[PDB]
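Coming up is one lone chain in structure tokens, specifically the form solved without this ligand.
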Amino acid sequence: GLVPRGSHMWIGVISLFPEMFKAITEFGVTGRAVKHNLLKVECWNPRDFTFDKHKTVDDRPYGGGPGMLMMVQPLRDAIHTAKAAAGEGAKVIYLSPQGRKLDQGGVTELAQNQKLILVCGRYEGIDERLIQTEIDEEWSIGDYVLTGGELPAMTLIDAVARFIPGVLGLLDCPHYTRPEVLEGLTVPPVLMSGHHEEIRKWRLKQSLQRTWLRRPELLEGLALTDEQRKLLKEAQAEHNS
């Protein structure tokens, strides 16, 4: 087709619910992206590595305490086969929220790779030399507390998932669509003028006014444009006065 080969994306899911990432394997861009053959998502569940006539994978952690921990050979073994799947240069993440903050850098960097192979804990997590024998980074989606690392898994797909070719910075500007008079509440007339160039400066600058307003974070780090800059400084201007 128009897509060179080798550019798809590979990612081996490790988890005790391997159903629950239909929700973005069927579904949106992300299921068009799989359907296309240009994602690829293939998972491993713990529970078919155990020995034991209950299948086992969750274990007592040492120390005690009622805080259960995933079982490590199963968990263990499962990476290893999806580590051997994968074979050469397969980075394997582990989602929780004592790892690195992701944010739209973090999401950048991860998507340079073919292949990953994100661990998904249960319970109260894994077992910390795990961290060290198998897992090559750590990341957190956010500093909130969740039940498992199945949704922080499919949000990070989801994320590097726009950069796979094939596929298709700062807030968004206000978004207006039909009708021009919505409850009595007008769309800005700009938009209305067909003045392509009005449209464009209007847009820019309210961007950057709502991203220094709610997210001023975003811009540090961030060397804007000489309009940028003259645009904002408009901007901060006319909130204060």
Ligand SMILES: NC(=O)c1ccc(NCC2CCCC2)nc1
Second form
2 protein chains.
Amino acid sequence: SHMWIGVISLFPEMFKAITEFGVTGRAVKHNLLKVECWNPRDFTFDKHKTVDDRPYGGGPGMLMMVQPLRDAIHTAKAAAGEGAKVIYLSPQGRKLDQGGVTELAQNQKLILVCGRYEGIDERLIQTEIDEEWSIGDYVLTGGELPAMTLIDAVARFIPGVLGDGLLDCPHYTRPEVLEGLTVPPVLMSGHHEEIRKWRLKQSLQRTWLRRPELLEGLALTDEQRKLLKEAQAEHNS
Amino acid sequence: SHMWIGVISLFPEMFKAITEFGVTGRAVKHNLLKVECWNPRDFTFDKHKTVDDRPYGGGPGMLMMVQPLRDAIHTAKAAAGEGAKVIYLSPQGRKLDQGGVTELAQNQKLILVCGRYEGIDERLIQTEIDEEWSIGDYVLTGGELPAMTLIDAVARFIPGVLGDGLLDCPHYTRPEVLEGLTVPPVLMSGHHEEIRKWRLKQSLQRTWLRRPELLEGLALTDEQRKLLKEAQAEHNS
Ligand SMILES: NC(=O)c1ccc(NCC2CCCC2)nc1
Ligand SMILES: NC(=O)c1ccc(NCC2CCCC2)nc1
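Moving on from the form solved without this ligand, please list the structure of the form solved in complex with this ligand.
Then the entire complex follows, led off by the chain already shown.
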């Protein structure tokens, strides 16, 4: 179930951050994940390899120049063959969450278009882009970090890359006592069922306290309902 | 108003993605932004430079080993001096948005702790971390991409790095006609006020259609109320 991701970027060397390091670097070396980049600058024809252009209507910014970007996209589409979804990363896109990650991970091929400057021509979005996605409600200097974020997130779903809507439970490792703070005795008990229930209760409690809206989106099991009620009762002393 | 950011990461070379390229790369070269990394592996003492450890209570994963990570954090804190806020990036943190970015950008010094494996010891969060932040409701293989995302976002607020709660308007550049699609005539009119109002109306319309909840958080001006009503009337034909 390997995955191919084509990238359109003025700064393809940025993607070394995910292709050369850690779990995603291993995925690439083991051919579980392939990331292939095209740079609009390589598709320019003028002496100074111009990749930006002035916005109609004026304004302080520049846009990506249409012809080099369009040609790079077309080249990526030809390399991908049939079935590749083309994604543009921008704050105007659908907000990414883990459900959206699972949806995107169903694709065997993606092409990610990374904007720079003030963005890209709206008509390219209409004619070349299948979906717009955002990694969050904030503005960055380029689409490369959003693209890498998406790649990393979906790569976790590729079989072989790694070894319920709630926040994670607390985790502990050595030493047993750290600046006077002890490990919860249950985690030392060797009682697997008690440990499982403790972790679940902690996850429910943390989700309730920090992100209560996330709970509203869940259909809690009988056990989860019980443990959440216990946690809420204890919180209220 | 330059900014110093200390980073704790097992993969410091990942940060070349922001320190060597584009607007953030320029910020670094021009001394507007300094990014300084410490690697827990450099703080190990065993032959194999062990940086992970087993979780109490069992489970399939590993945590970052406490001693090398703690020592790296302390070294970063000493380098930062007084006033540095220590941030841990994780899905359990406060969700980043542009308002949160503006808040974080008020700090002259930040230290960003990048988790790997299944995370870090809860007691380190208690004893070493000032704030936990998330870049979005999804899970990544490491905190480095979230840290770089945060750095890029806050760097845009540093004076010299660059040259209202609504989504951006559409942008257009050459050519005048692209695959049969024309540039809106108003943007060619040279009428600056008409162009301003068009862009604002488009932003209001796009926010309403794609992200209506964002509108609920705004106190629209009289002009914005009018243009939004116009856009909604036109949408309803
Ligand atoms: N939240 C996001 O997913 C996101 C995506 C792209 C971006 N910036 C580059 C785009 C902004 C103008 C040029 C393209 N910033 C933020
Ligand atoms: N949404 C986020 O801001 C985010 C942060 C860190 C992360 N992964 C590394 C952490 C997860 C376990 C080890 C540390 N994933 C996602």
